[PDB]
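The chain below stands alone and is given in structure tokens; this is the form deposited in one PDB entry.
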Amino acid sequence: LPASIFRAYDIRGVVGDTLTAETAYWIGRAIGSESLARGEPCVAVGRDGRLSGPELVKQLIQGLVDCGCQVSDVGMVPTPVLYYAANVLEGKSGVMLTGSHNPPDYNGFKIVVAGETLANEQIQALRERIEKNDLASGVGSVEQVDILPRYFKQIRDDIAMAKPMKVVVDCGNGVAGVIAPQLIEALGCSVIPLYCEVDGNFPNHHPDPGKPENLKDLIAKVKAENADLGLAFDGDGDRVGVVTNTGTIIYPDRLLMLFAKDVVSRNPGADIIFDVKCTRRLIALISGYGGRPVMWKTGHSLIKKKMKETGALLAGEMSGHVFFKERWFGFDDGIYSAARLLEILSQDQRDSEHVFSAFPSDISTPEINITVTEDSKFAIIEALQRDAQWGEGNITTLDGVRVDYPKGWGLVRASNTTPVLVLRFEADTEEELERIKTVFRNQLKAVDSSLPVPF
């Protein structure tokens, strides 16, 4: 098997190329073996709306079956619906066959075993099982399970909208189209659908709401139709993007402010987790309402683990994964997060533009990317962590180098998947912002004077 498909938080490859049917089988074999080792013979299996789904999933299922596992096949569903299955079915294991937000040819696996979402060394351990033939053998079973109606009802029964809203819903032709428009409607909204037909060719924009260019059609439709809100889901439904009635994009750190206010209001002292890319204003907001802010690493799987470790009721990260434990199950779920957002907004007399603009904000840069090289990217961060002088800033090295100052903050980290440094800066004033940019510019240039620093 190619080692490269075994990534930090999932398995991902190009179907017919680095991910063949044979490899999918051996992966199912590895996962079923790991599940049995943890005392869990019952595994749910789901797939998104990709072209290779209906056939590749059979290999995954056969791999699991050939271990002696009891497979519950939930068919084509959003990723968090698969996570839901692995919470309400007999078994606490689940495999989602998905290529997320990537081009049509990509597919892969997101993996929960006996309640744990696998990351890092646990994903490498699956490959090692295959290479070592450390695999179970048995005669397993397959049961067809229709879980979407249970998921639908679960959400509808617990969400209480206070006023009707008109909402544009952009699914980007991904699998969220099976439920997001119908569920939002059932909550008491009018829904304007955009690209809600499931189509693995992704013939319109690719379903990745983290890139503003993929929100252009959403913003245009919201304004044209005088809608109250726009929502965009990623390909598999574990992420959501948000635009207000005037078309302002609301980033996940700002969405988390609204969610934290609400959750902490019912749950004094609750831990709330966010990643190192989130605004410092979110830290103050959480603390101000009496919650405990916990800053952690970027990365869906890691945030999820941290939630279990801290007992946090809510977590989110800047790419759009939002995790509710309060009233829910603790997994990331763009569809449920959209329902929770609608619940809050419906209770307010203000438009969604003014709900969000009431919150404090720093002056911030956009996210900055600098392309370096695969040979240099981690060493640049190490040099910054080892040799840079940051003055009196609170330095966080959980994930790159973040420095929080009394009036601003800055981050540089290396991308896991590309030869790129990722940066963001904020401050309460322009003067302070420039001071913080200069500290980072200077520290970077002190590592390599030819680094292409664009700020």
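Numbering follows the first chain given and starts at 1. Note that the rigid core is defined as the largest set of C-alphas that superpose within 1.5 Å between two forms. First, how it differs from the form deposited in another entry.
- Relative to the superposed rigid core, the position of the CA of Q443 differs between these two forms by 2 Å or more.
- Shown in the overlay between these two forms, fitted on the rigid core, is a CA shift at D375 of 2 Å or greater.
- After superposition on the rigid core, the Cα atom of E431 is displaced by 2 Å or more between these two forms.
Beyond the form deposited in one PDB entry, can we have the form deposited in another entry?
So it's only the chain below, everything else dropped.
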């Protein structure tokens, strides 16, 4: 199998090219072998709404079966519903077949074994098992499990909206259309659906709410229908994007402000995790409410590991993955996060625009990407960590280099999903933003004078 599909956070490839039916089978063999090595014969399996779903999921399941695993096949579900299965069934392993927000031909695997979401060396260990033929052999079994009604009821029964809201819901023709509009209505909303038919051709915008262009239709519909809120889901439903009643995009780090206030209010001293891409304002806000802010690495599986290590009650990252442990299970879930948001907003007499605008804001950049090479990106970061000078500031090298200054911050790190450097900048003023950008421009040039500095 090609090494490139074994990534830091998950497995991801292109069907017909780097990901085939046979590769899915052997990946299932590897996962079932690791699950058995951890004392867990029971493995839940789910798939999203992609065209290659049926082909690859059958092979994934047979690979698990051929280890001697007992598979619980939950069919086509959102990613968090597969994570839910792996938390509420007797078995604590699960595999989701998904390509997330990528174009139609992409697919992949998000993997939980004996309660732990695999990352980094553990994902490589699967590749290595297949190369070594270090694989279990047995006569397993498959049972059908219809889990979505239990998930739906679990959420509905714990959410208490204080008044009705009208909400536009954009599923981007991804799998969130199997539940999100239905569940949000059941909470006590009117729902205007946009692209809520599941269609793996993604004939409208790709289900990727991190790009403003994929929210254009949502924003227009919110305005036209005088809705209270707009929500957009990514293809597999583990990410959510939010738009206010006036069309303002609320990025996930400011959504986390509202959620952190909520969670900490009932849980004094609670740890709250955010990634290195998130606003410094969220850090002061968590501390102010008496929570413990914990900055960590970008990446869903890395965040989940950190939540286990710290006992954090809430985590989020700038990509829109939000992870509730309080009243929940600790995994990322756009659908559940949407419900928690509606709960909070419904208890406020103000519109969603004013709830969010009340929080301090700074000037920030759209995420910047510089294309380098896959085989150099980590070395550029290592060179910065060894060589760079940042002036006076609080330097964090847990994921790339982030420097927090009195009036702003900057970040450079390697993407683990693409061959690029990722940068973000934020400051109280344009003048400071430009000062920080100049520091980073010059430090990149000091490592390699030839690097593009397109910011």
